[PDB]
Structure formats: structure tokens, C-alpha cells
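J.: The lines below spell out each chain.
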Amino acid sequence: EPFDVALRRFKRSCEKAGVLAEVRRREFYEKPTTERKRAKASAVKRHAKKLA
Amino acid sequence: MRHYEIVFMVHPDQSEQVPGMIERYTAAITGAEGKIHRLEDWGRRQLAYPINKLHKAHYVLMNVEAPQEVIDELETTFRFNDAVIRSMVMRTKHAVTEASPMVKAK
Amino acid sequence: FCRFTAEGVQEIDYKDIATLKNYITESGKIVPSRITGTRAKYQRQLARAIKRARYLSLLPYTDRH
Amino acid sequence: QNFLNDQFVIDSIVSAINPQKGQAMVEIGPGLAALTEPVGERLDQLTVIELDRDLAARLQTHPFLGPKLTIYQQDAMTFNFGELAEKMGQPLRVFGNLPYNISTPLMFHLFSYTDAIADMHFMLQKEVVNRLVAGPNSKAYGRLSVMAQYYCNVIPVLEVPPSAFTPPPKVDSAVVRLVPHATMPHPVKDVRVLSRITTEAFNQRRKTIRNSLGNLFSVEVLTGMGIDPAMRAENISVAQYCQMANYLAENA
Amino acid sequence: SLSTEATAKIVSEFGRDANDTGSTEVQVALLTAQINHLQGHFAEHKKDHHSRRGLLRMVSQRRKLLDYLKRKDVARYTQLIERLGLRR
RNA sequence: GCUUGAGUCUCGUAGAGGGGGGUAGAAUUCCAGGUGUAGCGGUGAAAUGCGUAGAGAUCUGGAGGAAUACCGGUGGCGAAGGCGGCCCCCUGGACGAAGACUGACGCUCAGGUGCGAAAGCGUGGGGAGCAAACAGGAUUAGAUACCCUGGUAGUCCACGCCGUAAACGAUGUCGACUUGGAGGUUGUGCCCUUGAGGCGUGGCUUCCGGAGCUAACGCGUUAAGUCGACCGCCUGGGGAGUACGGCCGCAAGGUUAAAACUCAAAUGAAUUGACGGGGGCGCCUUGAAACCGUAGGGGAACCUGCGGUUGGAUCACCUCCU
Ligand SMILES: [Mg+2]
Ligand SMILES: [Mg+2]
Ligand SMILES: [Mg+2]
Ligand SMILES: [Mg+2]
Numbered sequence: 010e011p012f013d014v015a016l017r018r019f020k021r022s023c024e025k026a027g028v029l030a031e032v033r034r035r036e037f038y039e040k041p042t043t044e045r046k047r048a049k050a051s052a053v054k055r056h057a058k059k060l061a
Numbered sequence: 001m002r003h004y005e006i007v008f009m010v011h012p013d014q015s016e017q018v019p020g021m022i023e024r025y026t027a028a029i030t031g032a033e034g035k036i037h038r039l040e041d042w043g044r045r046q047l048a049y050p051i052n053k054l055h056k057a058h059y060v061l062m063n064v065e066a067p068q069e070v071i072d073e074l075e076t077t078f079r080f081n082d083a084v085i086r087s088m089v090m091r092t093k094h095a096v097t098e099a100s101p102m103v104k105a106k
Numbered sequence: 010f011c012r013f014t015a016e017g018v019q020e021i022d023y024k025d026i027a028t029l030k031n032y033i034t035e036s037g038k039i040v041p042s043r044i045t046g047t048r049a050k051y052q053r054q055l056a057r058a059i060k061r062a063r064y065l066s067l068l069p070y071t072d073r074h
Numbered sequence: 017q018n019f020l021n022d023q024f025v026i027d028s029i030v031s032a033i034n035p036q037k038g039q040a041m042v043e044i045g046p047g048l049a050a051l052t053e054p055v056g057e058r059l060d061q062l063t064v065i066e067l068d069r070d071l072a073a074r075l076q077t078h079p080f081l082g083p084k085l086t087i088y089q090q091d092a093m094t095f096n097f098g099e100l101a102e103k104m105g106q107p108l109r110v111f112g113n114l115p116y117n118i119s120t121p122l123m124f125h126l127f128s129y130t131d132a133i134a135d136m137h138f139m140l141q142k143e144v145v146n147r148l149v150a151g152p153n154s155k156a157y158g159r160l161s162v163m164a165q166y167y168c169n170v171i172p173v174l175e176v177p178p179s180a181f182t183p184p185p186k187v188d189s190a191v192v193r194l195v196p197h198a199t200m201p202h203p204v205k206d207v208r209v210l211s212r213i214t215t216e217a218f219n220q221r222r223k224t225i226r227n228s229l230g231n232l233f234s235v236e237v238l239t240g241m242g243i244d245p246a247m248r249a250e251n252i253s254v255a256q257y258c259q260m261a262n263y264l265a266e267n268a
Numbered sequence: 002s003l004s005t006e007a008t009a010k011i012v013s014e015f016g017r018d019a020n021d022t023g024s025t026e027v028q029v030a031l032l033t034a035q036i037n038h039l040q041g042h043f044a045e046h047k048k049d050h051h052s053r054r055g056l057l058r059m060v061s062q063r064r065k066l067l068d069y070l071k072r073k074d075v076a077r078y079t080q081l082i083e084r085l086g087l088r089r
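Protein chains in written order, with the entry's author numbering: chain U, 10 to 61; chain F, 1 to 106; chain R, 10 to 74; chain Y, 17 to 268; chain O, 2 to 89.
One thing to keep in mind: the hints can contain errors.
[Unchecked claim] Result set (BS3-like, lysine-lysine): computed pairs, CA atoms no more than 25 Å apart in a straight line:
1. F:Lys56 / R:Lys50
2. R:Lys24 / F:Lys93
3. R:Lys60 / U:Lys25
4. R:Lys50 / F:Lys93
5. U:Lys25 / R:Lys30
6. U:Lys49 / R:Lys50
7. F:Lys104 / R:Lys60
8. F:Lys56 / R:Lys60
9. Y:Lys155 / Y:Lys223
10. R:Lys24 / F:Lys104
11. F:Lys56 / R:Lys38
12. R:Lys60 / F:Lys93
13. U:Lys54 / U:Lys40
14. U:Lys46 / U:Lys58
15. F:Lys56 / R:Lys30
16. R:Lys38 / F:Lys53
17. U:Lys20 / R:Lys60
18. U:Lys25 / R:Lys38
19. F:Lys53 / R:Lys24
[Said to hold, decoys possible] Derived coverage of chain F by chain R (criterion: at least 3 residues anywhere in the stretch with Cβ under 8 Å from a Cβ of chain R; other residues may be distant):
20. 38–52
21. 91–103
If you're looking for bench data, these hints aren't it; they were derived computationally from the structure. Think of the CB as a built atom: it goes at the ideal place given N, C-alpha and C, for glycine as much as any other residue.
Start from the sequences, fold in the hints, and give me the full structure.
T.: And the structure:
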């Protein structure tokens, strides 16, 4: 078991767990209206690619 | 009347009184003129996380059709009886008689 | 899709830990239905089942507990 | 930041000030020459503070003004107006115009010198002036207007359109004058009791005073003072506020 | 929201036969029995406004049916409101 | 009289619909130790702050209040406001199935009545985390902001009140009709060779788009098309949803609601240059918040808290007849 291969295995596990992205975004409260707006904005920003 | 699942777990170090518990509760069911379609134990079984700082606690299932009243009696008997560490009661759609997958694995 | 639809058509399930394990992360989180290929009807049933299975310590909540 | 631009209202302000000898006059914030000149003119000699040392050089080097004033170059909130009142032989007339973040501090520093000041004469923004003179039963009323009306009688002088200022703001503003009472019409045992009573009350202005000043006094105290505890904080005159202050101080 | 058997008792009382359901008498009776029962619900569940929206629909539905029957036949109306004690 | 509208019944179905009561695993803070020791904490950097009385860290044990990671979706339920850990208890509505039954029982609705986010109020609890106000440290020409360390109300609960929100699909309610197309979701029938499939067939719902409509934008069988019944509302811009009166409210305020007076506009959509700061490669072309309700601060226009909405930005000079 090479230390730096166990490190790569660990890095894949924390990436698959997403935990840094979660604790990053969880840093503040939000007025629920803005994540509602951001959600539908992303939904149309996606749907525009579906067209060809 | 309402079919139910009743499913509960007992402290590993009180697992020996479990037959007495099956007596107490089955007597409540038949003493309510209710009926039973499964009774099962899955022995001492390991816990995904500690319950009351314990491990390996003893698991039990019943399939039942008793009137609602006595379900609240045996339910509150679980909060009286500290040998039962958890219970869940489910108002299931039907009486069901085919053994638990926990038994059928044997 | 239709093979995953058959998994729903065959069965509606709780206490089958062996099948529940097909739909969890190793960290104990529920898999999103699009990755399972299963239809939303069965996803709800699976989620409800997993929540019960966690309550009775049949499945962990997390990796640690 | 702002200073005035139009001679009509400059002349109106400096004339309404009535600045003449037989008065212990001192400017603060001389700013643009145009509005400091007529007051330094009409007073045979005048004292001034400018906060800025560069503007203090511009005006002290101006031969209209440097020979005709005595000039100081510091934050006025450091300045010992009680000694300047002694050096000027009688309590001061303090007056002018400023960037006015400092306004809230100015009033407290002026009130630290209610003995040493004969009167204050200053431009200010419309909302804070209308608050400062507000009658007890109004939304414009509140803790700072209470303390102001406690320390002094307060009097709007005249009101000025925004195009009148050198950088014209969006905001209309008025010159106001005020007078430290020769004897306090509201005698008080202490002002810190007023300040904390008023802040507690106005920090809670939407609820009943039973749920504001009655968090400290009892309802039987309040009604014993003749005050209905079911009122809101903005029903209450400075008179009964100083009565509460005396009650707090003397029953402590 | 009623047991089939309480429904059976009511329709076998107020109905023409077992083939009748939804004669005005059957309707207003079972509707009344439901309204009577739900007094016990709301006597605990004061804040259950979303449930009481259904109750308001039911009492007004009762009123509409009664008034139709009243103009259709006063005898059926009077003996029915007599049997149910309606206009209480 | 009738059964087509309306509506009852029998059997199923899906669902964060509501009300009530238990309960769980994360988490934060806090307390109690234990091990341990010079730092921690914070920012752009600082400072205030915390620690040699041992903090920070990390282990254990306990407390308490709050919220439900993931599923979770262009997804369901709900009149709307809104509704999301799990189980129970009570309870509302809806949709499909197949009959059976009543027999026009219908729709709309001025007054009226009731429900009604967020904020705030009333009475008595609770108070973890967060946080108007406030307090203190910073930043800045100034800074009231933006930054940080604190922090009350509030946020939570029961029981009253208020009754407003960009409470907006900015789109009244009900009914009929009128090309298509790709999905989603949830029943159901028949065929299934089964298991997948494949023919159907309701309900709900999303995005395209024909006709037609529309100032244009766009809407488009879930109309903004074609029409029938009733209700609500508007009549230039400001003054002004302001005055006054009445009503209502504990108070905030709500509500109904002027006029004088003043202006030749005010306004909606869309076109072309600026844009410009560019951005890419002379050429194509954009790294360039407003508000709503409500409560409070208050050098400003403003700053702050709560929660909703998206309507997220510019500005415009030298003549003419067939
Ligand atoms: Mg309260
Ligand atoms: Mg609230
Ligand atoms: Mg009004
Ligand atoms: Mg809303």
C-alpha cells in the first residue's frame, strides 16, 4: 500500500463524497427566493442546449 | 380491523426474556380478539450504529390485525419496558404471512 | 429504461437490505433516480424504506454512523 | 460632501445668523470662501475651526480672512469650547456647515458644553432636522430628538433646495438654530438615565411601554407616575421621560 | 369519509331500496351524519382550516339540496327534516 | 316529465394537503470532566475578542433549542397564502375503474362571511443557531455603508390581533368549440409469448408551435384563438392611494377616498447608432442589480433585518419634393 496511492484513493473518496463543495456552499444562509431564481435560471441555461 | 406490522428490538442482555415478551404481547392481541400472521426473531444482530451505546441487539417482528386500541397499549408498554430499546409500528395494507427476508436468507 | 422499469413492476420493498444496498452510496446517502434508472414511484418507496431501515440501524445514516 | 453655491441663500443664512460683536462667535467648517467671508466681514474679528489643515492654510493665507479671524486646525470633537468660552469672555455662538457624518457627534459635544455655548446655528439634512424638532406623538420623533429637545430649545431658521449646493445633492437641507436652556425646563438628576431609558424605549418602539420601560419599572410605578403603560414609546413627551429618569435615579 | 356500514344503515333508512343511492333523502342524511360526526373533529382540531373548508362545502351542499327538495315537495321535505331534526 | 349538466353510491389509486401526538440521526452551542499547552480567533491586513484560572485541539459524558443533509425532479399536494426526517392518531380534497342511483338539484355573485406570506402587535412561555436595533473594533477624504468581534428585539411555542406583499401566470369565475408535435407525471383497458414490448384510454403537467389573435412583444386546445353568463376594475401625466370624512385596528397602520393645483405630455412595445467598460478574431462582437411588503436606523440618494418578485441598463441633432 503506497502512501501516495492511498492518498489518491482518499482523494477520490472525498471527491465522490462532495464534502468540500457542500461545506463551501453551506457557509451562509440564503433568502429562499434567490436559490429558487438561480435554480430555474440554471434549468433554462441547460434547456437551451437540448435544441440541436 | 387495521392490519399492522409491529417490529422491535431488545437489549442483547435481556434477549433471554424475549419469549416472555412474545407471551405478554400475543396475549394482549388474542385478549383483544386480534389475530397474528407472523411472529419472528432474527437473534442478536449487529447494529449499523450504536443504539443506547449498545451493539448486537435482538430483533423481533409481528404481522397483526388487532383493533387500534391495544396497539397503543403495547406501544406504551414499550416505553414502560426498558428491555425494548426501539420499536416501530406500521399500519400496513394487508395481513402478510410469508416470512421476513431476514428469515428467508436461512 | 425498460429493464429498470421491470425492477419496479416486480416489487415494492422494505426489509430487503440486499436490494436496498443496490440504491445507496457507501457513505449511506440515497442514489438519485436517474442514476438508478428506476421510475420515480419506486424511488419514493425506496426512500421511505431506507429512512425506516436507518431508524432500526439496518443501514447507517452516514459512513461513520 | 457639500458646501453652498448661491449668493441669495448664503446671504440669507449669514444675515439670519445676525453675526456682530457683543457675541462670542466661532465658525466651524469655514469650507468655501463665499459663505465664511460675509460672517468674517460682519464680525469685526471672528474665531474659526477648520478640520482640514490645507483649507485652513487656504483661508489663513487669504488677506480678507487671515487678518480678520483667529483660526484652528483640528477635529472639533477634541476642541475645548469651555476654555474658548472663557477666552471669548461669554458663552459661544457656534455655527457653520460640514460633511456631517460628524453631525451626531457635534450635537453631543455641543451638549457637553451647554453651559459654554450661548447658541448653535447649523445647516442639516431634511429628515434629521424634522426629527430633531419632531413633536412627541409622531413617527419623526425618537431618542436623539428627545435628547436634543432636552438640552435645548430648537428652532428651524430656513430651508434650502438641493441645486443651491456646489456639488448639488439629491437632498433638501435646512439651517436650524438652538438654545441651551438658561435653566432646564426639565430638571434631571442625570442624563445617562435619560439616554438609556430613551434607547431602551426606542429600541422597542412598536410594543407597549409595559413591554419597553415596564421591562425595568413596574406598571404600578408607571401608573403611579400618572403614565399609562399601554402607550407606545412614540406617545411619550420629554417631560414624562425626564420624570422617569428622575424616578430611576432617585429610587436606585 | 364514512364506513360502508353506517352508509348502509343510512341508505336502508332514508333510501327507496338497496338500488337507490343519491336520492335527495339519502344524500342529505349521510351528509348530515358526516357533519354531525365532524363536530367531534373540530372540537379538538380548531386550527384545521384546510379540513373545515370541506365542512363549509358540506353544510352549504346540505342547504342547496334541502332547498331544492323544499320546492320539489314540501311533504318529503318536512318529513325528512323532521326525521333528521333539520332546521334546528 | 327527461338524462346529457349537477350530484350520491360501490372499488381502487397517487400525493411535502391539513390538524393532533410520539420519535431519530446528523449539526451548533453550552455544561461537566479527561488528555494536552500557547496560542486561538479574525481580515485584504488589522483590531476589538478568547487563552496559562489550561484556551484552542481532541476524547468522553451530559444539556438545550432549532432545523430536517441525501431522495428531491423542467416532481406531487393545496383556494390562495403555502406544504419536505420518521411513525402513529384524527382529518380535507382529488383522479381512475366499472356499473348503480337521484332527476336540472345548475353557473355566477354586489353587499356578507371566512382563509390569507413576510414584517409588527397582544398575553404567557422558550431561547440552540441566526440577527433589525444597539455596542465596540476597523476601513474610507468622509463611511453614517461595505469588514470584523459582540448583541437586543425578533426568529421558536400556545392563545389573541394585524390583514398587507412584484399575495404576479403582473392574465377574474364558469361553460362550449377550435391544427399539430416532443416530453414529464398518475390512474386504467386490451394485446402482452412472459418479463420488456405493443395497441389503446382518462387525469394532471412541461416545452415547442399551426391557424387565429396581438401595438408589438408575444399568446396559442391548460389562448392572449372562436364564443356564451355573471362579477371585479380603468378613463392623460403629476398633485396622490395623498387630504378630509366614515369605518376598522391595541398600535402600527389598514380601508374607502377627494380636490385645488400643475404639465403637454406622461406611457407600452419595438428599430438604429451610442454602448464600450469591451470581448474575441481591420474584423465579429457585452469580463461589461433593481424592486415589493414590512420593521428599524438614520450626513445623503440613503444603511440595516425579515421574507416575496424579476419588470435584473444605458442614452440619442442639423432638411425636403412631387
Ligand atoms: Mg410575541
Ligand atoms: Mg413572525
Ligand atoms: Mg389612506
Ligand atoms: Mg408567494
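J.: Find the hints from earlier in the document that the structure breaks and name them by number, from lowest to highest.
T.: Per hint list: 1, 17 violated.
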